[PDB]
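So this first bit is one chain, no partners, the form deposited without Hydrolyzed piperacillin, shown in structure tokens.
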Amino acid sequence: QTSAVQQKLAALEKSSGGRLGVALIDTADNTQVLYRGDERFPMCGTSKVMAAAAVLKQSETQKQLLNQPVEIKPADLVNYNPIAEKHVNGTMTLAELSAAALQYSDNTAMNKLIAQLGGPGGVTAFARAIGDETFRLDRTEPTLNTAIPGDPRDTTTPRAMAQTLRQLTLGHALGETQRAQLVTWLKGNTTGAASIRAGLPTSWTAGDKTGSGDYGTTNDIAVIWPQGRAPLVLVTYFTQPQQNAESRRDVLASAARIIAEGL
């Protein structure tokens, strides 16, 4: 019950010293490749996809929701807010907040998405509404990135996130216009060239959302359009034993390369 690809991922994990979780869904045949697919991992920034998607869902019954002005106050600034800091004492729309959270990993923007949903539980509720019984958001930014081993808060499994990402970006979890907007945002991500995409052939295209947290937690979730093939959905989660561990985007790139070579 261990494939050549799973063995390679195990070897990669062993050399890395951490814990690796992978889930691939190949839409050419719906087959899946999992490595620690049912183990929980801290989502970190990858959770921003669920929050933005939940707001997109709300916009389906409110054509003007995404244009609503949201006030940004000095007190709203958290640890990393490259976009929101420019708008302090001004306003940003939910579309701007979604774009900032997804493409720049802006934490103040993520907090506004969470607040629009009524708190972290509002994000979890949306996940449940779309068939994801695993995902859980328990805290806001930046504490949702503590990534403590064994802590179930703000975690999901690779299998669950891959299934959900497929439903959101390729399936019908969102309306057609909303699905297109989410894909456009992911494709425009600025922080993913060293992660999953680094392990793919240059000719391929993709959209992704990275995650970075304590315990050297290094994550990436992507929707990929390989050259001449139906799209793939790939989740790569990685976490380490020490709180101050360094990021390892190279491990995610390696996992993606193994997955690509195994197709």
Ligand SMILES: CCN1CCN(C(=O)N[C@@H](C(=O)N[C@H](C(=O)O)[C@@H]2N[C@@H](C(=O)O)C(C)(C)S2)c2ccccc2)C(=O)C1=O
Given for the second form:
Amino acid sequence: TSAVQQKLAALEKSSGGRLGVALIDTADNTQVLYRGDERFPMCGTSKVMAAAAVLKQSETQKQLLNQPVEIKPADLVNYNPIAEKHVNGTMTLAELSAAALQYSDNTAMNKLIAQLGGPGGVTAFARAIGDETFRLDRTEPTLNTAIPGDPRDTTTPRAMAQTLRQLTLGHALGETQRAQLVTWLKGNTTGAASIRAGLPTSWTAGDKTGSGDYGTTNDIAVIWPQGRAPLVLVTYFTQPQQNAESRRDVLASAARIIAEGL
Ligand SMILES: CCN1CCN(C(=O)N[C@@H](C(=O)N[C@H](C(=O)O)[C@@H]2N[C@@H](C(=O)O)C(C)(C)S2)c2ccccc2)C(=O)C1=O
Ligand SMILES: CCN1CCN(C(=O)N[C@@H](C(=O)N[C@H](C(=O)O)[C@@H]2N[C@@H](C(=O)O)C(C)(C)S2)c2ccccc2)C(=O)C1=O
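Moving from the form deposited without Hydrolyzed piperacillin, what structure would you give for the form deposited with Hydrolyzed piperacillin bound?
Next comes the full complex, and the chain you just saw is listed first.
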């Protein structure tokens, strides 16, 4: 148990919830894990895998990102700030990817999933890039039920950090596709209260949040610290009762402990 791990355990203790953290410091490829091999519900953090899978398809189906996809009134789910503007019209897969990632649009995510042949198509992509842990089982919005002990739509912090590193800094995607994914993550609108809140102001980052029942509050990020090689950081948090409140502050605290421990 390292000093950082002990600090994360203390944070967890005062949160009353269950915290999972995985850091990969690309300066030396070292990792810091806290419940790194335990499963957590991904919620919206799964949107990165779906968007990446579509980017991979676009490497060989060249005009795929410009392909129009019909948005019908029946497609709307619980949160669709971008898709609802286009009901009875169309959005391209690039527009759907940007909406899913940067606005966490759930209808947009469902269109990515459908393009991949269902939730299993997203899992298949994960397996293709060496992630043997990730599993997507349902569409939006039920993939956010986040029931304790339920393996559906979960992953481990270790697996997600390794995957995010491969996708954003490694070669799981072609260069142009990797750059697109990084651009989308850096333009996220929903992350200032989570991991990024715990980082020094001078650092830059891209991230994808997730939220669900059981007060499930998640974030996965690629970070560029001032004067250092980039990091990949995953912070997952989930609570004992279905109606628990969101705790983005716990993710910010975890990120601050990680930054102070570098
Ligand atoms: C089947 C019943 N059921 C299970 C629970 N559930 C969700 O927990 N959905 C979650 C969901 O769709 N979460 C999405 C996600 O994790 O990307 C988006 N992130 C939420 C956020 O950042 O606050 C959102 C409300 C912008 S939607 C949700 C979490 C908190 C508040 C509202 C929705 C549902 O939507 C739902 O219908
Ligand atoms: C000769 C060995 N060999 C080399 C060629 N190959 C593949 O190209 N497999 C591909 C593979 O296993 N693709 C996966 C699969 O077939 O479930 C997933 N299906 C694709 C789709 O539905 O369009 C995906 C892009 C969502 S990934 C692969 C894709 C990306 C990264 C690595 C592998 C093989 O699998 C294979 O057997």
